[PDB]
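The chain contents come next:
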Amino acid sequence: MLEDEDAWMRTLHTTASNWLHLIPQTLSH
Amino acid sequence: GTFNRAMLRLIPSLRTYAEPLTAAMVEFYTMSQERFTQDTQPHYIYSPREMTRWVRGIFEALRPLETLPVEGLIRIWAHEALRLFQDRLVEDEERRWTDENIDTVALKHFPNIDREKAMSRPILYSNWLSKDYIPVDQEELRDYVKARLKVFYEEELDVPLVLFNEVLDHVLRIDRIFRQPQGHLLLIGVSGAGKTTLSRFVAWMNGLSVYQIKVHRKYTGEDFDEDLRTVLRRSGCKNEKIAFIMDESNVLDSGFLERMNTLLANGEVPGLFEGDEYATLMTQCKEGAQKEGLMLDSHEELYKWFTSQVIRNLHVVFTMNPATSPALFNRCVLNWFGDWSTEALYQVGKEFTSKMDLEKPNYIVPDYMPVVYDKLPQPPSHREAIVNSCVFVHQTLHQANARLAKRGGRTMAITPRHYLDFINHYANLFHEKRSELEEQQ
Amino acid sequence: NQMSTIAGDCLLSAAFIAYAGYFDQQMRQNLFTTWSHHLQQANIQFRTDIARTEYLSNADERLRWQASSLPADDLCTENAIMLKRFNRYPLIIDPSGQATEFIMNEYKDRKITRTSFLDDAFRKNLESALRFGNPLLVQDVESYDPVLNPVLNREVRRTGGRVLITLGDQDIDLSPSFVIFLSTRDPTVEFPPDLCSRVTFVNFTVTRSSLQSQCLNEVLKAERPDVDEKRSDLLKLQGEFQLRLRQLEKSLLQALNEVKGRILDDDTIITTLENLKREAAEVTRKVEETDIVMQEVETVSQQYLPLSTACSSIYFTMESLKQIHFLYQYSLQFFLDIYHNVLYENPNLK
Amino acid sequence: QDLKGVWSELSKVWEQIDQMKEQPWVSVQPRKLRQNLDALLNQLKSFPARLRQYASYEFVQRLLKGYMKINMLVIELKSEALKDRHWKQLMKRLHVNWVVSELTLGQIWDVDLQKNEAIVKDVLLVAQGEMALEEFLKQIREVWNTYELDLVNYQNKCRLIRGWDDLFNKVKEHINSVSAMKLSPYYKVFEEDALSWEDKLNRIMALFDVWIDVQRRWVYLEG
Ligand SMILES: Nc1ncnc2c1ncn2[C@@H]1O[C@H](COP(=O)(O)OP(=O)(O)NP(=O)(O)O)[C@@H](O)[C@H]1O
Ligand SMILES: [Mg+2]
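Residue numbers (the deposited numbering), protein chains in the order written: chain A, 4348 to 4353, 4375 to 4397; chain B, 2749 to 3070, 3080 to 3198; chain C, 3498 to 3847; chain D, 1327 to 1549.
No lab work stands behind these hints, which were simulated from the structure alone.
A couple of the hints might just be wrong.
Straight-line alpha carbon distances no greater than 16 angstroms define the calculated EDC-like cross-link-like pairs of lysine to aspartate or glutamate that follow [as the list claims (entries may be wrong)]:
#	chain 1	residue 1	chain 2	residue 2
1	C	3727	C	3737
2	D	1347	D	1428
3	D	1498	C	3617
4	B	2966	C	3642
5	D	1496	C	3617
6	B	2962	C	3606
7	B	2966	C	3666
8	D	1464	C	3668
9	D	1496	D	1518
10	D	1391	D	1438
11	B	2966	D	1492
12	D	1409	D	1468
13	D	1395	B	2903
14	D	1395	B	2902
15	C	3819	A	4350
16	B	3190	C	3551
17	D	1447	B	2906
18	B	2879	A	4351
19	D	1395	B	2906
20	B	3163	A	4350
21	D	1358	D	1348
22	D	1338	D	1384
23	D	1496	D	1468
24	C	3581	B	3189
25	D	1464	D	1384
26	B	2966	C	3737
27	C	3747	B	2906
28	D	1404	B	2902
29	B	2962	C	3557
30	B	2856	B	2903
31	B	2898	D	1364
32	C	3819	A	4351
33	C	3718	C	3606
34	D	1508	C	3793
35	D	1404	B	2903
Okay, the calculated beta carbon distance ranges per label pair [said to hold, decoys possible]:
#	chain 1	residue 1	chain 2	residue 2	range
36	D	1548	B	3003	53 to 63 angstroms
37	A	4383	C	3689	28 to 38 angstroms
38	B	2929	C	3689	31 to 41 angstroms
39	B	2929	D	1409	42 to 52 angstroms
40	C	3689	B	2964	19 to 29 angstroms
Virtual Cβ for every residue (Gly too), placed ideally from N, Cα, C.
With the hints as extra help, turn the sequences into a complete structure.
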């Protein structure tokens, strides 16, 4: 990021969407 | 309904409209409370205090008048509804919804009524140009307030002011507040909009004495209590109208605000005057009552008269930007200062660039001119094109900040003060360059 | 013709002064290009090549700034212009402190006092500045004290014959010769819209584009001195050449005032006229060849553009290296020393 | 005819203007002056259009309009900052032989205030800065003439001095402010006075700089 500031937003959005997909939504007690 | 019957006991011709009017009031109030909630905007609070303010506004507008038709009562009902509900609204669609539903409620509860007389698009009330608080047209209000701004240029501040539609509407709102019983105002809006300027202008225009708190390094609550003692002594005992203006420079301390709320609600601060202070307050209250013509002797009745005088004399004007307790929001009448619209920017540009030459007789009007002010005269002149370009420059700063925020960068707010700075810079630079070239020639 | 052009020129220049100043160099250029495109679309006459630095300043003031500690960069010259023609008290956002030292040097003759918001004696000094009329430079504005709101907004009350401003609990007599310069060394700082309305921002932060332009200018100065001289001639043609031409015109008029016998004592006074004519021809030639030289300097600049982008990327990698380890603190001057070593004292270039 | 009538009305308006001008400068109230000028303007506008086309009427109307315009300079001139010295500066630079006691609004009106805006504004800025200095010196004199040392009984033996922090803060603030005055662009007339105060302030500081010390030691030593 700091090395080259301008692409990062779209990549972070895709990565976080994938992480939300993998991580289960809820954990039962 | 009990309150409306008591209010309409003044006019025997409107007694049969006591029951319907109340219903209309209630319905509209309920509607707004369902439509606008504190989740959208923190100041969207509604309570029976707004309904009491509605009844008080109609009562103050109906008290001096000998008789009214039903259309006049519905018109003042709509005026108070606009001043209490539409004023606080931030977005335009909410204001449009409120304006249409005022008509809807009025027609539903008041059938067989000439809505043209009971509802014109610029519902307007002021007693500046008459003796009573009667309806008045837009043009003469604009002329009168322009003349008073010309006066206000000499006395007090000398910086010029532009009277566009939003400014004049806010002036009328602040005047209405200054003529209400315990009418306290909260001007909430963007920085640089003109909240302090218009509050002080209306306070001077109505003769109110502007008093402002001067907080300092470790401001003591005892100092605030002393300031309140002075303000209430002048308002109640001396029968002096005071515009108690407060800004976020000192509003940020909620410890003083929560003590201010007592005066905002009841019109008195119990425990403020005690011991010797209470004795001097009673003495001066007795003197003032005798001067006005009341021989009230008991201390309780003197305190009641002092509270009534503070109710009818002291008005608090809070000024803030979009923390604050909802009780403070509900104690004050809410007014919203939005960022200046395209019409406001165009009017400010035309007024502030009027001394400039900005006139090319051989200006060829371009086909498909880029227009930002919709009501700009077609075909435009050179000066009109220049002011259009100025408005476009302000709008481009807004769009640039929006794009930078979308990309994720740090952005700063473009207030109307930036536009005033840009127009002042344009005037200075134009005059300087013209003078340089003229001396060269 | 300049009568025909001044309206648009001044509109653009005033917009640049009032609105730009927080944005980086490319963002200011984008705003200026948008405004120029709008003015062209509306047939509002303005010069196609507005040199903002030369339109809003003269050679004397620029030389005086260079005598002070103002770096000779386009961003710094524009920022100094904003610091000169300001209606609202400026907020300087330099990360290095060159701009603060420039401000101190400029107002040294006016007895400018440097204070900080963190200083406990700040308010007192401010009162003195308000009362005795002295320039004041207040640093560390990220901890801005709202008590300065009436001062920045110029809210004055003219009671009696004394002009007051409410500072704290005390009403200070505002003096006509008062000016305050807010300053900060933090580039990544957010200010409330209130302060944004009361001050004008003047950003000295070095970004990718600012350093890229600096490096391109230094490459042109080092390796293509002729193209650098021609570009400087383009910048000087926006009024400096005409300024010296009219100064020689004034000198010729003064010499022509004293004409009694000595006009034909040698009858060779025409030399001075010839001199002016010669320089006139010269500047006329520079007017006639302007487009060709613009094309030439743009092609030469495109030749060295990749090196400038490389320098900017290298420096910002160096700056970001501090995240890997705490010892990796490399200043901009360190990169500039590297870059001047590569340019001038490079034995490979011999 | 019409010309004779407009001459008569012009004479009446000139008499009203002269009555306005004869008002002495001491009693000139700028607000009432503006109100009466507006009344005269309304009187001028009440004339028929045929009489309004006359050149003399237009001249008098624009003269009254200029008087209304310089009315703002009238409020600014009728101030307490202007003193006598700044009036002497206007006296010198306007090259008019006025008498302050005999000064009337007519003499100032005859002088072109609109043409001399730069001179008047410069003199008024000087007056504002110097009045700021003068009122700060007034604050110093007031505070240091009404300021009393706070004394508290100490074990029924002596009345020691309490409030050292407040006194030292006041002294340091005033010393710093007088030093800043010494750097003011308007520090010409208030030089000597400031110097004297500086001396006094220093002495005060110096005295208490030892006094507290002695007190502290004495307290400790008696303990
Ligand atoms: N209608 C107007 N026409 C021209 N100038 C105006 C107008 N309204 C406000 N201003 C100018 O606005 C400037 C400062 O804004 P101000 O009236 O202090 O707004 P505010 O809402 O009090 N700002 P803040 O206290 O920061 O939220 C002054 O210099 C006024 O002259
Ligand atoms: Mg304000």
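For each hint, the structure was consulted:
1. C/3727 <-> C/3737: Judged against 16 angstroms, a Cα distance of about 14 angstroms means the pair holds.
2. D/1347 <-> D/1428: Holds: residue 1347 of chain D and residue 1428 of chain D sit about 12 angstroms apart, inside 16 angstroms.
3. D/1498 <-> C/3617: Holds: residue 1498 of chain D and residue 3617 of chain C sit about 13 angstroms apart, inside 16 angstroms.
4. B/2966 <-> C/3642: Given that 16 angstroms is the threshold and the Cα spacing comes to 13 angstroms, the pair holds.
5. D/1496 <-> C/3617: Holds. Residue 1496 of chain D to residue 3617 of chain C sits at ~14 angstroms (cutoff 16 angstroms).
6. B/2962 <-> C/3606: The given pair, whose Cα atoms are some 34 angstroms apart, is violated under the 16 angstroms limit.
7. B/2966 <-> C/3666: holds, 10 angstroms
8. D/1464 <-> C/3668: At roughly 14 angstroms apart (the allowed maximum being 16 angstroms), residue 3668 of chain C and residue 1464 of chain D satisfy the hint.
9. D/1496 <-> D/1518: violated, 22 angstroms
10. D/1391 <-> D/1438: Distance ~13 angstroms between residue 1391 of chain D and residue 1438 of chain D Cα, so the pair holds.
11. B/2966 <-> D/1492: holds, 14 angstroms
12. D/1409 <-> D/1468: violated, 21 angstroms
13. D/1395 <-> B/2903: Roughly 14 angstroms between the alpha carbons, so the hint for residue 1395 of chain D and residue 2903 of chain B holds.
14. D/1395 <-> B/2902: Measuring from Cα to Cα gives roughly 10 angstroms; hence the hint holds.
15. C/3819 <-> A/4350: Holds, at roughly 11 angstroms.
16. B/3190 <-> C/3551: Holds: residue 3190 of chain B and residue 3551 of chain C sit about 13 angstroms apart, inside 16 angstroms.
17. D/1447 <-> B/2906: With Cα atoms ~14 angstroms apart, residue 1447 of chain D and residue 2906 of chain B stay inside 16 angstroms; holds.
18. B/2879 <-> A/4351: Since the Cα atoms of residue 2879 of chain B and residue 4351 of chain A sit roughly 70 angstroms apart, the hinted pair is violated (cutoff 16 angstroms).
19. D/1395 <-> B/2906: holds, 13 angstroms
20. B/3163 <-> A/4350: Distance of about 20 angstroms is beyond 16 angstroms: violated.
21. D/1358 <-> D/1348: holds, 15 angstroms
22. D/1338 <-> D/1384: Judged against 16 angstroms, a Cα distance of about 15 angstroms means the pair holds.
23. D/1496 <-> D/1468: holds, 13 angstroms
24. C/3581 <-> B/3189: Given that 16 angstroms is the threshold and the Cα spacing comes to 14 angstroms, the pair holds.
25. D/1464 <-> D/1384: violated, 50 angstroms
26. B/2966 <-> C/3737: Violated: residue 2966 of chain B and residue 3737 of chain C sit about 56 angstroms apart, past 16 angstroms.
27. C/3747 <-> B/2906: violated, 41 angstroms
28. D/1404 <-> B/2902: The given pair, whose Cα atoms are some 13 angstroms apart, holds under the 16 angstroms limit.
29. B/2962 <-> C/3557: Outside the cut-off at roughly 45 angstroms; violated.
30. B/2856 <-> B/2903: Violated - the C-alpha atoms of residue 2903 of chain B and residue 2856 of chain B are around 49 angstroms apart, more than 16 angstroms.
31. B/2898 <-> D/1364: It holds: about 12 angstroms lies between the C-alpha atoms, which stays within 16 angstroms.
32. C/3819 <-> A/4351: holds, 14 angstroms
33. C/3718 <-> C/3606: Given pair residue 3718 of chain C, residue 3606 of chain C is violated - Cα atoms ~34 angstroms apart, limit 16 angstroms.
34. D/1508 <-> C/3793: violated, 58 angstroms
35. D/1404 <-> B/2903: Judged against 16 angstroms, a Cα distance of about 13 angstroms means the pair holds.
36. D/1548 <-> B/3003: 53 to 63 angstroms: For residue 3003 of chain B against residue 1548 of chain D, whose Cβ atoms are near 43 angstroms apart, the range 53 to 63 angstroms is violated.
37. A/4383 <-> C/3689: 28 to 38 angstroms: For residue 4383 of chain A and residue 3689 of chain C the Cβ distance comes to about 33 angstroms; the hint holds.
38. B/2929 <-> C/3689: 31 to 41 angstroms: holds, 35 angstroms
39. B/2929 <-> D/1409: 42 to 52 angstroms: Holds, at about 48 angstroms.
40. C/3689 <-> B/2964: 19 to 29 angstroms: 21 angstroms Cβ-Cβ, so the 19 to 29 angstroms window holds.
Going through the hint list in order, the structure does not satisfy hints 6, 9, 12, 18, 20, 25, 26, 27, 29, 30, 33, 34 and 36.
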